[PDB]
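Before any questions on binding or motion, here is one chain by itself as C-alpha cells, the form deposited without this ligand.
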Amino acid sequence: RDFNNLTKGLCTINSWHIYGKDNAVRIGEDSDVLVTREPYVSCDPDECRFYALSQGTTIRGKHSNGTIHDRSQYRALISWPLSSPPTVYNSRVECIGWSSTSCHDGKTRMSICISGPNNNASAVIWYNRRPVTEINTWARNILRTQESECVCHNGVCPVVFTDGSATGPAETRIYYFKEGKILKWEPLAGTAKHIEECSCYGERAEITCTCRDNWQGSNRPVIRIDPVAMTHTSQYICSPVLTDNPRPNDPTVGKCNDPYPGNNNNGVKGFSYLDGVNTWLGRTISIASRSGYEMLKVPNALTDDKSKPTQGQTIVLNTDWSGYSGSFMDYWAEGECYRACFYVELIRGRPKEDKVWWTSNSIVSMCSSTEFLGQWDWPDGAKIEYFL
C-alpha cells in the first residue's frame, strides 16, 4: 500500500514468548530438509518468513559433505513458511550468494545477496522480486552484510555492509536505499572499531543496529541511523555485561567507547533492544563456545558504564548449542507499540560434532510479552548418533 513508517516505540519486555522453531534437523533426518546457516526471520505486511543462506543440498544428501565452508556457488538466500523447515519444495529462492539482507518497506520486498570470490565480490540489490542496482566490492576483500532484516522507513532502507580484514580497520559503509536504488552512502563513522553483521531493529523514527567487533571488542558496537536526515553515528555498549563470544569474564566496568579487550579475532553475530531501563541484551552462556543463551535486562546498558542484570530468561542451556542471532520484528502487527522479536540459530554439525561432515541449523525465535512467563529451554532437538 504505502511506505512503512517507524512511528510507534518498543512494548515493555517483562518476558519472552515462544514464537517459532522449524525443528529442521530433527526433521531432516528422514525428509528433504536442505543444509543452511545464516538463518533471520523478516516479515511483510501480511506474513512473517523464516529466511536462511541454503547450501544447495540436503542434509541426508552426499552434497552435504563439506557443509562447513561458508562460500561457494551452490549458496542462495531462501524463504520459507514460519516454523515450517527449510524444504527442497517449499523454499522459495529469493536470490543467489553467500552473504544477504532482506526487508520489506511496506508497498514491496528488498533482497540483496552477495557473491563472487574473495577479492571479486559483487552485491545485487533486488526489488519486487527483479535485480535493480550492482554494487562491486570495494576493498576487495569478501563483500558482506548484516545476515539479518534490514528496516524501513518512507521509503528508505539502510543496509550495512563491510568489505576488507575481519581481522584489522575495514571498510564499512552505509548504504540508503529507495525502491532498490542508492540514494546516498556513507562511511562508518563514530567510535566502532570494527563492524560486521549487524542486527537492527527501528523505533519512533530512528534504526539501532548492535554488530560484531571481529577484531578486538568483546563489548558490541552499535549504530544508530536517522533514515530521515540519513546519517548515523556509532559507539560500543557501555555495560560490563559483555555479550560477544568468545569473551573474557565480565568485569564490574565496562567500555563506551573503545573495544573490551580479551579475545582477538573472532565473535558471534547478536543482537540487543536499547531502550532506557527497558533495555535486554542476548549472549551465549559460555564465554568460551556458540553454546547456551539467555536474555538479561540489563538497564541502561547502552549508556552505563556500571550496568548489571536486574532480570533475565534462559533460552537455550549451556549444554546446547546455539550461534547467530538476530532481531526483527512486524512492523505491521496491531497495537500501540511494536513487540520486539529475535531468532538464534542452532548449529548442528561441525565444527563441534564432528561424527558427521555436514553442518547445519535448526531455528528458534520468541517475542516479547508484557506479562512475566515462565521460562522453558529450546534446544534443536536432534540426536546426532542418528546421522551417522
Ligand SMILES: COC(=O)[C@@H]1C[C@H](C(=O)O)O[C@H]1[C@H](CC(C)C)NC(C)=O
Given for the second form:
4 protein chains.
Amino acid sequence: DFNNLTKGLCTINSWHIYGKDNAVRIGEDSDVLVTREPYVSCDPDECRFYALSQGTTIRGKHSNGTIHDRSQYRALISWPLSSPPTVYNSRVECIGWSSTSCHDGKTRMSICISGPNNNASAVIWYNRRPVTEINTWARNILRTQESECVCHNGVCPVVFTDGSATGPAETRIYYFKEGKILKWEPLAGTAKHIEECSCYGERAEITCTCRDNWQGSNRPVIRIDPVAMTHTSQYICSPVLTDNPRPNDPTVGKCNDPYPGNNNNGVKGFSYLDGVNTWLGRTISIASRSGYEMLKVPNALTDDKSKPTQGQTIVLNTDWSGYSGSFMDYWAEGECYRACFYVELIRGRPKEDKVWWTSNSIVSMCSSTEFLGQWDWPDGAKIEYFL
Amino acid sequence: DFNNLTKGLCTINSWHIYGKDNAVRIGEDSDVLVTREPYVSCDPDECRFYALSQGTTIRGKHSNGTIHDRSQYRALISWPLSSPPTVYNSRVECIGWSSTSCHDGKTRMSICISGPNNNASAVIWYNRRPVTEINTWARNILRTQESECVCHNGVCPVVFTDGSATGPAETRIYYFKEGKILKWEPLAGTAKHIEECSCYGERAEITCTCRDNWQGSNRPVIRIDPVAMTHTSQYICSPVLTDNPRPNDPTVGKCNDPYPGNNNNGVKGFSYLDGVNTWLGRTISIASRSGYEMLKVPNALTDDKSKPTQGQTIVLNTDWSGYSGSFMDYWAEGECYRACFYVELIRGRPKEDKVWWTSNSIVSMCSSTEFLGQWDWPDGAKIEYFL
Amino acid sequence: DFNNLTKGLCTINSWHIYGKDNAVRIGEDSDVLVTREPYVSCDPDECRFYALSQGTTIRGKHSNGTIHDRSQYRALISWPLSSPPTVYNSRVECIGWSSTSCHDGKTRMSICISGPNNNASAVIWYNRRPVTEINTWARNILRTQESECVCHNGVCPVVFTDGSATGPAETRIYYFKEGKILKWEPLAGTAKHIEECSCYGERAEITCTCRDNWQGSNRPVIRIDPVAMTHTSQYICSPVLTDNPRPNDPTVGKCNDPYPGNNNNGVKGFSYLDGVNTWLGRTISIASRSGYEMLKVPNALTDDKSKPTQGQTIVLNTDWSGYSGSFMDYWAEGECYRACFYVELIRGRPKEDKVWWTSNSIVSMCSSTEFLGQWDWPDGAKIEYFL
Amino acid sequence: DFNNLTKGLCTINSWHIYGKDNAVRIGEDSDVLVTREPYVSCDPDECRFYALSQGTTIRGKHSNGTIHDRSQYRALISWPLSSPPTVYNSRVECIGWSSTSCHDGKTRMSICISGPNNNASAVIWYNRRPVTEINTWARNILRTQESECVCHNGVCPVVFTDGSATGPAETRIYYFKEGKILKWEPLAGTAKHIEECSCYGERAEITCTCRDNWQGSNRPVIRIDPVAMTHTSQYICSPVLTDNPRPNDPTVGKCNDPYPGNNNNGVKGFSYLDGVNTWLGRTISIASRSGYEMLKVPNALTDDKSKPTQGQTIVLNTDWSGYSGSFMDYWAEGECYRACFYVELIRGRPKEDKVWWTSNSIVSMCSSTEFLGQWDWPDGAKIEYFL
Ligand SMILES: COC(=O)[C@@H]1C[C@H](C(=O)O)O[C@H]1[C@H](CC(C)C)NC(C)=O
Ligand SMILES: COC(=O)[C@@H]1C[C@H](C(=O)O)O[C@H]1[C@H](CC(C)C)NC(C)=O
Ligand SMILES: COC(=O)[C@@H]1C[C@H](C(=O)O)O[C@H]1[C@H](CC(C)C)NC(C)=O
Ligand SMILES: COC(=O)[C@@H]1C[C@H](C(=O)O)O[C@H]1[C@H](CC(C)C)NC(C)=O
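Structure of the form solved in complex with this ligand, given the form deposited without this ligand:
Now the complete complex, all chains and molecules, led by this one.
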C-alpha cells in the first residue's frame, strides 16, 4: 500500500551524523562522477544518495566546465548511502538537468526535466518507466525541487517553476499518482517567488521550504495538503534570515513578503517548521555558500520576531557548503518521523578556480532526541592534489 | 506466460528523452568497453542497453583498430539503462560479432553469430544457456538484426542474411520458441535485399524496417505474422528516403523496388509504420552518418508520394550519428505500446581519425502524446582529450 | 527469530585459513580504500570483512596522513569475504571512527561513534536505520570494541569506554535489543582498564578479551551474561602475556591485577578461554606489532601458572601484524561454534615510513578439529612499489 | 534435491563457442586480477568462470613474478561468464593454490588447499562455510583437480594427489557429501600417476581424464562410481597421444601403461570418452603449450589403435594455449548433457618473457549436434602494449 503521513516529527534536541560520502576526496583517485544538486531519498527497504551527474569523472577531462548547470550530459543518478557516485555504482533514474524523486510506498516516482532553455520538457517516471510528459508553459527553463518530494496515500505533490528566475514567474504545484497527473494548480498564497522546494511530510501535511530567488533572503514556505490537493504559500516570519547571500539578521522579519537586502540570487535550502520544535538551516556566511548551521528557532514560521534558543554547527564557516534539502525515512520504525537533511559541500568553481571543474560531496544528518555534541563535516578534499 | 502483442502504438505527437549513457565522455577516464551496433531491449522487470563489445577499453591500447567489425574479441553485452558499458557492469550475453535479443515474456533469447567470414555459425541462447546452433548457408558472413527481436505467445522471429552485401543474398526469417527452431522460410515479397532489421510488434503483427545495402536508399520493410509464421516484404513508398548515403528526396518513391542513386552501402535504421501515426528516422546528412531526425510521414509505407507533416531533431547535423533501431517496453503499464528507438552516436574512425579507435555512445527516446520541445543529443565527447 | 548461544566451542586442535584479502597488494593498482581496525562478522546468510575506511584510496593523494585515527572522513564499511575494501564494493554501515557490529539473527546492529575528542557521540543503527544515540559521558574520546559484538535472544552487549586511555576511565557495558537501550551498567570486577573488547559467545555466555591500555600486558577479560544482563571482569592469570608491547613471559601471572612492565600502550587482541580447549593470540614480538601466533594455553583464564602445550604461527616475526579480534559463524551448520579470528596486517606508518599512508590487509582463520600444518600469512605487499 | 547424473552425452558433431573473457586484452587497461588454472562450473541458476588469482592486477606491480604456482596470495575466485576476473567482480570462494569446485544441486562445494610444500592442508567448503579439513598425507604439495568436480545424489568425488610429481605418489579419491567425508580410497587400477583430473558425469558414471606427469604422454583415465563409491584407473589406449610435451603419435597406444617418450612433465587436459561419440583435446604443438584442437577419436578409451575421424581447431598453433578441463551445465534443459570444455590461453612467462608476469584468458565451448564451421580463439592481447 501507499505510505501515509500518519506521524508527527520527533523532538529535535540535536542532530546526529546520518551519511557522508567523501566523493571528492575519494574521486581524486577513483572513478567518481561530477555532480551538483544532490539529495537523499528513501524507499521502504533502503535509502540512497541522489544527484545530477555531469556525465564525466572528476579526474576526467570532460570535467572541465562542469560549472555549467544545464547540458545534454546531465542526469539524475542514485547510489548506495554514504558511498561516492561512481561510474560503476550510480544508477540512472532519468535524463535531465533538474529533478525530484519520491517513493509512494509501493514504488518510486522520479522526474527529470531536460532540453533547451526556451523550450524544455519534464518527464515523470513511475516504477522506472516513463508515464507522463509536461512541456514548458512559460518557455524559460522548466525546473523542479532538486530534492525528494513527498507522497500521501498515492498522491505525490511536486513544485515546479517556469519563467524568470529574477522576477515574477509561473510556479505550479502538480499532484501526481502513479506518474499520472491528477491535478495541478498555480501558486497561490503570499509567496512572491518559488524556486527549488525542500519538502517533508507528517500528519497528512506536506511542508516545503523553498527559495525566493529574486527578492527574499527569508525563504518562502509552501504548505501542501495531499488529500484536498490544495496548498498555500507564505514566508518564514522570523528575523533569522536563512537564504544566501542575505542582509544581516534584523529584529523582525516579514511573514507575507520577501525581506529585502539581496536580489536575483540565493541557495536551495530547507527547514523544519513544527511549533517550538522548529529548526532552520542556513549557510553561516551571509556573503557566499560557506559554512552551515542548524538553529532551533521556535515558531519561526509564525513568530515574526523569533530568535535562536539552540543550534548546531554542521559545516564550519571556513569550509564550502551549498544546497540543503530535507528527507525522512518514512518507513523507519517508531512512533514519529525522524527529521533529516543533507548539505551539499560544493568544491571547485566558482570559488576554488585553480581547477576547471565543479563538483560536491554530501553530508547528511538526522535529528536525535538526545542532546548530542557537535562536529563540523567538511568535504575533506584538497584542491592542491587536483592541480 | 509469454507476452502477446495485444496493443497498438500510442499516438506519437513528439518524442521524449528515454536514455543516454555518455559512454565515450565518461570512458575517457573510466573503464568503458569499446562498442558498436548498440540497441535497447526490455524484460518484464527492466530495460537495458546492448551492444557488441570489442573486448577492450577505449583508453586501452587494444582499442587500436576497433574500426574492424568482426574479430574473435567481440561479444554482445548488456548493462544498466543510461549507464556506460563498463568492464565491471557489462554482462556477456554471448560471444560473436552480430546479434539480436528479445524476451518472450517468460525469459530471454539472445543470439550471437561468430566465426570466419566464409564459414560462420549462429548460436541461439534461451534463458542464458545455449540451445540451438545454425551454420552458414551461403558461406559469406552470417549476420542478424543488430537490434531487439519481437516475440508473440512464445514465437520470436529473427531476420538473418547470408551471402553478398552488395548483390543478391540469402535472407531468412526464422521462427524460434524457447531457442528451438519451429520453422524458417526464405525471404519472400518484393524487397530485393535485407540487412540488419529493426523490428517492433503490436496487435499480433511484427514490422521490421531493414536496409537494402545494395540498391535501395529507401529501406525495405518486412512485415511478419508470429502466429501464422508467414511474412512479406516491400519498401517504404514515400519519397522521403531514409537510408544513408542516399540521393536527395524525390517527389515520388518506389513501393516494390529499391529507389536508386546509391549502391553497395547504407546504415541500419528503423521506422514506425502505423497509418497517419507513422514516423521515420534518417540521418540528416545524405552523404555520411551525421545528424539524425524523426519525421512524421503519414502512410509512408503505402503513400508513394507522402511528405513530412511534422518532425523532430534528435541529433544535430554537425554531430555524429549512426545506427538506429526500435524497441518498446512491451511490459509497460497502459493501453498501448509507447514507441521508442535508439540512435548510435559513432565516434572515432573513420570520420574522426586522429584516434585509432571506433566507439559510440547511445541516446534513446520514446514517443509522447504531448507536443514536446526538442533538443539535440550529441555524444558529448571531445576527441581532443583523447589525443 | 534471534540467534541463541546454544552451542559450545568446537575442539581447537589447529587453525585453518578462512579468509585473506591482500588489499594492500591489490590496492597498489586498483581503487582500494585505506583502512584500519578491521574485523569479520557474519549474518545468517553470509560473512563479510569490516573496517574503518579513511575516505580515500591507497594510491590516492588523500592517503597522505591516514596514520591519524579519528577524522571526519572515516566510516565503518563492510564488503565481500576475502575481497579488498574497494570504492565500488565497500558498503557504508555508518559514519564514525570507532565501531562494533553484530547480527541478532533477525537483522544487524552496527554502531559508529564520531565527533571531536572532547565531545563525541555514538549512534546505534539497527536494520540499517539509526535508532538510538549516546553522548560522551566522560568527554574524552568515546569508543567501542573495534570488532563484532555478540547477541543472545535479541540482546547484544557492547563494551564502551570514555575517559583517559592511560589511567582510570569510564567503561560501560550496554545491553541493546533492536538498537534500543534495555540497560547499561558501569564496569565491575577486578579489571583496572578496558579498551577495544574482542568477544564471542557460546552456551548463553559472552566472553570478551580486551586490552588494559594503561597498566596491563596481560589483557583483561570481561565475561558477560546476556540473559541476566550482568557481567564481571578480571585478567588472564596465565604468565603467557598476550599484549604488545609487553615485558617477557614470567612464570606466574596476575589474575585480578594488571601485570606490570609496560604502561600507556597496547594492541587490540583476543583469546578463546574454554577450559583445556583454551587458545591465545599474541604478536610474536614483545616490542612492536609484528608477527602473530596462536598458543594453546590450557586454563589460561584461571591457571596463574599455565604455559603453552601447543601452538601455531599465523604471521612470521618478520612481517607486520596488528589488531586481532574474534568472530564465529553462529549460523553455521554443526553441533558447535567453530572459533575464528582475524589479524590486522598493518602497513605503512609508523613502522614503514617511506610512504605517507597507513593501511592494512586482513587474514582470517577458524579452528579445525584436525591437526593441520601451518603457513605464515604476510600482507604480501612491497612498500618499494609504492615509492 | 541433489542433481543426479541421469542423462547421457549429446552427440558431438562439432563445437560451438560458449564463453570467452578476453581478460588479458581488457586487463591491459582495467583492474583485472592475474590468474592461472581456470575452469568453468555451473549451479542450477547460472554458470561462472573460476581460477586461482595471484592477488594482484596484471598492470599492478605485484604481478611481477606471478609465474610462481603456490604463494600465500593465491585464491580460488569465481565471476560472471565471459567477463574478466576483476578486483570488483571476482568472488573469493576460498584461499589456496589448488582447488576444485562443484554444485550438488542443492548448494556448492569448493575446495582450496594452501600451505608450505612440505606441510599443506585442504579445506572443504560447503554452502560457503568451511566444514572439513584434510592434512597432507605424503607431505609434498597436496593438490586437487584444478577444475570442476561432479556430484551424484549428494556425493561429489574429488581426486587428490600428494607426493612426488615425477615418480610414484599418493593419489586418493575422496567422496564428500555436504562437505563431509563419507569415504576415501587410494588410487586403484593400472594408471601409474594421477595429476589434475578433468571430470564429467552422465548416466550415474563419473569419468575423469587426468595427466600422468611422470611417464605418460597418453593421459590416464579414472572412471568413478558415485553410488558404490568405487573407481578404476587406466589410460586412453588410442595412439593419438594427448599430453604435452609428448612424442609423436604412434600407430598403437598403451591401454594400461604410460606411453613413453617424455618424462616429468605435462599439461592438465580433458576428454570425452563416450563410444563412437568420443572426443579428445590436445595442444597442437608437441613441444610446448601452444595451439589446441579437438579430435573425434572413436573408442579412444578402448581401441588401442584408434585414429581421428573428425576434428576441430580451437586455438591456432601460433597462439598460446595451456590447461583444458571439462564442465557441463547439468541443470540445462533437454534430454542429454551438452559436453563443454575450456582452454586456458596462458600469456606472459615463461614463453613470453619481456613481461614479468604470467596470466591467462579463457575460451570455452560446448558441443553441437550440428556440423558447425570453426574459428580459432586466441587470447587476443599484444605483449607489446604491456612493455
Ligand atoms: C541543475 O542546475 C541547478 O540546480 C542550478 C544551480 C544554480 C545555483 O544556484 O547554483 O542555480 C540552479 C538553477 C536555479 C535558478 C534559480 C538560478 N536551476 C536550473 C534548473 O537551472
Ligand atoms: C558487427 O558489424 C557490423 O554491424 C558491421 C558494421 C558495418 C557498418 O555498416 O558500419 O557493417 C556491418 C556489417 C553489414 C554489411 C551489410 C556491410 N555486418 C557484419 C555482421 O559484418
Ligand atoms: C579508530 O582508531 C583506533 O582504533 C586507534 C588506533 C590506535 C592504535 O592502537 O593503533 O589506538 C586506537 C584508539 C585507542 C586508544 C586506547 C589509544 N581508539 C580510538 C577510538 O581512538
Ligand atoms: C596452482 O599451480 C598449478 O596448478 C601448477 C602449474 C604448473 C603447470 O603445469 O604449469 O603445475 C601445477 C602443479 C602440478 C605439478 C604436477 C607440477 N600443481 C601445484 C598445486 O603446484
